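I have a structure I would like to understand better, so I am pasting it below and will then ask my questions one at a time.
Excluded from the complex is one protein chain; the other protein chains are retained at their positions.
All chains are identified by letter, namely A, B and C, in their written order; residue positions are counted from 1 within each chain.
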């Protein structure tokens, strides 16, 4: 069969095969709250990674892995708007939250440069785009393919629905270097899609960690970043 | 594991686990040509089904199946336009091409009515929309979710690329009755998506056959309908 | 992923993805009764509705496969006939004309004809020398290749009415076919392994399934398979 394949229909408190970084944790109702949700709403940053590294490419054979992932998340804001967003990403094996990272960078970047050493590929679901604080963002809530920088190489308008469950399917096909993001809201049939070319071998190291990250830059514009389930499979 | 799961990376001439109806066949280059391609072009209709029925729902337990399928196809037209389109469908087990069917109906319908007895769910990739002959179609090449009728319940503009390979992922999630179509062109990043609500239990019988169908209504406006690979999985 | 993979936790009456041959059918309790239960002589086979490509003539590749199933053989007296078998045969093959229960509806004779193109793992309950001269002197598990006279057998510690779990694996690279049987009830286990070159015996496209028979109504027993998992890959 395939190299790796795991599925979580729900999460359990202190799940031992998920590494929790920052304020990420799983509530008693079985949902992964990557971003903290509490009594007085507070600023927050969190990441959750699957406990075992994944070989995304082989230097011996030259082979690159194809992978697919599916997850459902909810972003519920108190007012009609919230910050900062959520992201699915691939980073160097067992990487830590960069020193001096902000919610607007989802705990993935130290700065707004496009440093080659970052070695990060992420699909962001950006809810905040204020030019004052996030000058790199377009003028709307978006879905962006990030490659070594918080300034997405390609974005698309995200028709975010407050409090509604969104189903996402991301697929990467090694032979064509095609990364496709497929988002839909079963509630009303709203759908958004985006595809970009990315050479994993050129950006990432052989061994990577996969997971979710998110942040809340301003407690006044609070919103949740809850992932309900997660399926992942890769194959060299 | 899951109830069923099959994968074809390429096809073989006279593949014994695919039922060929009409002019459908697989070339020596290993591609499923649902529609006939020849020296002097001709009118054509064809369907190809996986040889074994699939239980899409259980009358005993009440359970409904969730399924996902992925395939890549190419539609290459001689001129800058072609007819008639291609479709992925679920029909009653071992059903035959309806008597008196046309290319515009992809060999799935006898008429343009919405008869409940048709028991057909299909995702069409419609290339012809002329009002003279296809009065039910919108004013552009589209992707449509068909339920018991050639007049789609929901469509979306399909940014068809002549001769380019398109990757499609269709998922049906029983719990939310959500059918999502995800199409993308690795060549230039063009992507189209559509989602609709469909209750399989209400439309289809317990046992169904899945496959592709397509047609060429006018030999003068010829185009191919080739599927390169196919992955399918269902689970009750 | 793999070329094919299916799983049946239980069966349904008139399951449309199983081809029923002979007296095979599935009861309302969801069990595949390959052999008729009511009393009478019987022969039956059940195949998965779609052919499977076991090897490619273009590339030369051979498929590795694994299957798991649980069956029960309940006899009225302390003994029964005739046995059950899991097999691979030419695509959509029919029960051979003039076949007997002792041959499980897989063979026309007791010869080793190359044209039979059949590989089967039998769970033989009858071994009387008068009628089954090819069989050893005990209930056995045998690897059959083009003949009812197994190329290799092993004593089968059959337990009347108990559920047996079986796992069969074929690893193409080493041409190794292994049968793993166990009884969760009391821990009884039997195992057997043999070398078989599928490419040499079978055609490219085959049908897989179960077959069984009851040669004498007086020594009745059931041949019920409760579940079935199968997966192959080229």
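Note that contacts are C-beta pairs under 8 Å (C-beta built on N, C-alpha and C of every residue); 3 or more make two chains touch, one makes a residue touch a chain.
Put simply, the hidden chain is in touch with A, B, C once you look at the whole complex.
Set against the missing chain, the residues C:147, C:190, C:211 or C:222 yield one that touches it, C:190. Looking at C:112, C:117 or C:178, the residue that reaches the missing chain in the full complex is C:178.
If you put the hidden chain back, the residue from A:17, A:27, A:42 or A:96 that touches it is A:17. Contact residues of chain B toward the unshown chain are 1-2. One chain is missing from the display, and on chain C it is touched by residues 152, 165, 167, 169, 171, 174-176, 178, 180, 182-184, 187-195.
Touching the omitted chain from chain A are residues 1-8, 12, 15-17, 50-55, 58, 60, 93, 207, 231.
As a working rule, only the chains that are shown with their structure count from here on.
Centres computed as Cα averages put chain B at a distance of 37 Å from chain C.
Looking at chain C, one finds that residues 1-2 touch two or more other chains.
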